[PDB]
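Engineer: Each chain, letter by letter, is given below.
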Amino acid sequence: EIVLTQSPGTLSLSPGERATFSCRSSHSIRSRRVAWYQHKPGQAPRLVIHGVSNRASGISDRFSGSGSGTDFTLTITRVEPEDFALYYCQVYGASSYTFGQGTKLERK
Amino acid sequence: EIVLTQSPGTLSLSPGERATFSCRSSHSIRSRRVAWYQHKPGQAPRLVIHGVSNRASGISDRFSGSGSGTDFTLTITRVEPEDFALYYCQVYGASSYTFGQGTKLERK
Amino acid sequence: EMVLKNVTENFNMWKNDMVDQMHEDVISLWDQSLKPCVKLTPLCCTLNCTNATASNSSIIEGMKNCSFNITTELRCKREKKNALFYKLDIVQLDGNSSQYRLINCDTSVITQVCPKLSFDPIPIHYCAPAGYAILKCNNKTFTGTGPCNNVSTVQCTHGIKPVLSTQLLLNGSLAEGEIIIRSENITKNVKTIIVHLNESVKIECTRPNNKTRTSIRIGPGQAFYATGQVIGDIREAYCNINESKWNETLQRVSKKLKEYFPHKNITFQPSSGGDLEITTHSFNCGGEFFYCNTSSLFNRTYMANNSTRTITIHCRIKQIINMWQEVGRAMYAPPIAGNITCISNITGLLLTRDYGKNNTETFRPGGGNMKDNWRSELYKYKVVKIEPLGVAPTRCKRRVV
Amino acid sequence: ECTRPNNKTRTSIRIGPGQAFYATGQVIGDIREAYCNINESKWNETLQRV
Amino acid sequence: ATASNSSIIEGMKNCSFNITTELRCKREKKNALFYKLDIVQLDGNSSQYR
Amino acid sequence: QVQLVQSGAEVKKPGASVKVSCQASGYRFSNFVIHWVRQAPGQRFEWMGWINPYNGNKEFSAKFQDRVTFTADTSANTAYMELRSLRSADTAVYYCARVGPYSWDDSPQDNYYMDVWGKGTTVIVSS
Amino acid sequence: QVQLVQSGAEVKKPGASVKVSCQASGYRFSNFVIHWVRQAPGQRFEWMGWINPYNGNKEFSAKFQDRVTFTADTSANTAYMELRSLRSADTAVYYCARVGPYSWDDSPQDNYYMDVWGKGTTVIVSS
Amino acid sequence: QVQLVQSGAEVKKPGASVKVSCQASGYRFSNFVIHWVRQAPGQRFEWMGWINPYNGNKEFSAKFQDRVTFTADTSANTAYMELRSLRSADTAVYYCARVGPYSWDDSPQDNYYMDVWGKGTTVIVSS
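Protein chains in written order, with the entry's author numbering: chain A, 1 to 28, 28A, 29 to 107; chain B, 1 to 28, 28A, 29 to 107; chain C, 83 to 147, 157 to 309, 312 to 321, 321A, 322 to 359, 361 to 398, 409 to 504; chain D, 295 to 309, 312 to 321, 321A, 322 to 345; chain E, 134 to 147, 157 to 192; chain F, 1 to 52, 52A, 53 to 82, 82A to 82C, 83 to 100, 100A to 100J, 101 to 113; chain G, 1 to 52, 52A, 53 to 82, 82A to 82C, 83 to 100, 100A to 100J, 101 to 113; chain H, 1 to 52, 52A, 53 to 82, 82A to 82C, 83 to 100, 100A to 100J, 101 to 113.
Rather than coming from a laboratory, the hints here were simulated on the basis of the structure. Any given hint could be a false lead.
FRET-style restraints, in silico, Cβ to Cβ [unchecked claim]:
#, chain 1, residue 1, chain 2, residue 2, range
1, E, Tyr191, B, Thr74, 52 to 60 Å
2, G, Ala40, H, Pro100D, 40 to 48 Å
3, C, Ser188, F, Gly8, 58 to 66 Å
We put the beta carbon where it would ideally sit given N, CA and C, even for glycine.
So here's chain A without its partners, still in its complex pose:
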């Protein structure tokens, strides 16, 4: 069983500026079966990235991710108000599911 740690716990940003998040794993994910997701309270949560780089269907082009080995990343080119929400990283596949603690994105 793998464990994930996200950082920063909170990133405070107004609309327009750039955002970058990191997710560090207790192990190394050779397979690239990595997925990042979004959540707002009161709504069903939402997908953003799967397989490290494959953007989800219908989600904006501002989201993008990269990584290899143990360090996995998500960034926003320019934040907008709807982006204020929690974001989580995941390792998935072959009886090896685990999530992260979540990263809060909120208005500066």
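Assemble the complex: chain A is given as a structure, and chains B, C, D, E, F, G and H must be docked to it using the hints.
Structural biologist: Chains B, C, D, E, F, G and H only, in chain A's frame:
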């Protein structure tokens, strides 16, 4: 297979004296699966103690025993003329049966 | 059912043939159903373990918690998994100072029943095939052997319940007349005696401890199902019987038994001793196989010439079984979540008498040869063949041409 | 007629559960190979006949 | 094999083998003896039998 | 559009069982494996298992094998779950999920990321 | 009272077989496991095996399994033993024995101590 | 006298199969195992396998097991071989063989040395 050694080889006592016997073991019997028995020639042998401390049915209160680990003991509070006989220690059960050499209890 | 005028017929229930096929069928179905379930041979390797600790408790003396090396996935990972068994499936010595082993696995292959299959008995009728028939003795006081003054016939017997039980016939039938005591007819000393009541006495049982379940994967598509953490206030299992009705029951069976043996004493007594399969009243209910110290219930002694004061018996439970006392084979039973309650109707006893002594009989439970269980209920029945052809004289004749 | 004169004692090895591999152990007695015996002259007549 | 009262026996191998003594664990050494014509051998820096 | 609709909220007795349903729309229910996911307040989402309506195959986390059971019905467009021996730690929001489509270029089980979810259901452990 | 009665004494040929019986009284024979025990002159007792007349289950010391065989009959109240391939070392006194009763408080096979014996029988290997 | 006679020489296409026969005389064909042996120009002989016409048991060098097949017929006094998926390295002279007679003192498989051979057959892999 476990090996036992009794001591003393012979104890000489007149009626009314205290007797104490010892039986060693090559392996530690953590389970208290021990028994002591009596034998006279020309007669079917006889049980004394089983389970280290539980006395056999119908046997006098003069007999008693104790022990732990790999050192197991038998004793007599006061000897009487009927006890002049051989006394034997045993480990038993779970395909681990074995006997000692014996100790002779005889008139001083 | 069809009743027959003026028929006298001999039955011999001790030698009756359709108990043999009862036993043969009963063994086979467990054999047939059990096979696809995965086996416990890989776990039989010896164990290292200690005294268990229940929740909020410094000790549980009724338990043993046991650590074991077991193959997992397949043959290239193996882990120090842990669970707990009960002491009866656990023995200790040989090899090293702290070794422990399962009780039967050295001598016999062990299997656990597939957990979805149920042990509970159900009524089964038994029918003759084409060209045969079955006879009964509607007589309500039949001894078991000799001619029978009232006989009916039926295609299928009434439903019978394959209840596994020793020391007490439970979840069974009742005699319609007085209490019937049936025994071998050759000699005073007999192989077994069957007493069959005409009124049932309730037995309740329970195991109050709340069990929770833990699983260990040996196989590639199978699971061993293990017994894990303990929950709830700990007690042994126990059963409850009405006291005064039991006093009347024991007075009545004695009253009939005295007709055979008219001298003053009868002595009942507890078990004969030996190994557990006889010395404790055994049955199963819910999903686990009870074993009860019956001794308190048969301490009474008699000489010739009603929902209160309930008696209770300590009852203690096992998971590995020498079922049908078969040579070199055992069954494992998985645990069941939470507490289990139970009710049943006691119907009779399987008793045995000792070698006689001066002016005193000694009757205690025993026997337990599993065929006695069915001989106690199949005494009515027998099977017989039809010969449809016969020839006679008469005044008739055909025309030659 | 045939005979195996050497006396053989058995030794047993437990592999299995309610099972046992049956092994050959110590040899006993004056050792000889197994042999068989046939009447000579009757055999000569037998070969002449066939 | 050293037969009784004999330094040799030309018909017998005495044969030592590893085997699982419990159901599915505890490898240990054990010995028996066999006839030649169930036995073969070639290999190893030192010899090895089968 | 793709949506999964869940049962109503639940508050159930300690030691009892909680059973939940998850009905789907916008796609063929028999043709996507389904997850079950739980989140305690402020804690990690914890994975539980998956089920495949097309062949009935299953696999659980061994932590929950003794506690959870799934089943699905092609005629109902709905998946069911059942959690037994309920304890106070089970107070959490529960979810059901759907995976994305498998492209022929993909490696096995690459798609098992959650593509779509339901709105979730609250489960509380109380007398 | 409890007693086990044995066959008469034996003097038998080397390489032949010796057979011994042990008939009981005072209890139900079909309900107690039975041991067999030997003692050479001045030596230890050496355990041989046990048999359960209830079911006929058996267990031997592997030292003797090729050499010894047991059996018992419920209708005879008697247990039989068979020792094949006699040797001079087999000259010894032989015994049959009984175990004590199992209390429900006991753990498995704690009762297998010797509760009662027979008077024994002399066996000598001679021509 | 003893002789083994073989098929004519072969030149066959790359990737195809080559099949060879070996007919015997002077002895009962069904009562001797038969070998197959190859030699490339200037190289060692390489074992191929053996066959026992009496039963049809087969044993191959694991180097060639996916490539070679044997069979024999008792009514023809002839053994057949087939080598599939020819490559240029297969260009070699091929032989069939016969083993010596077993004798009472021999251990098993002392006699599988080559007692008699045939004259050989040339095989070349070319278009």
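Engineer: Which earlier hints turn out false for this structure, listed by number in ascending order?
Structural biologist: none
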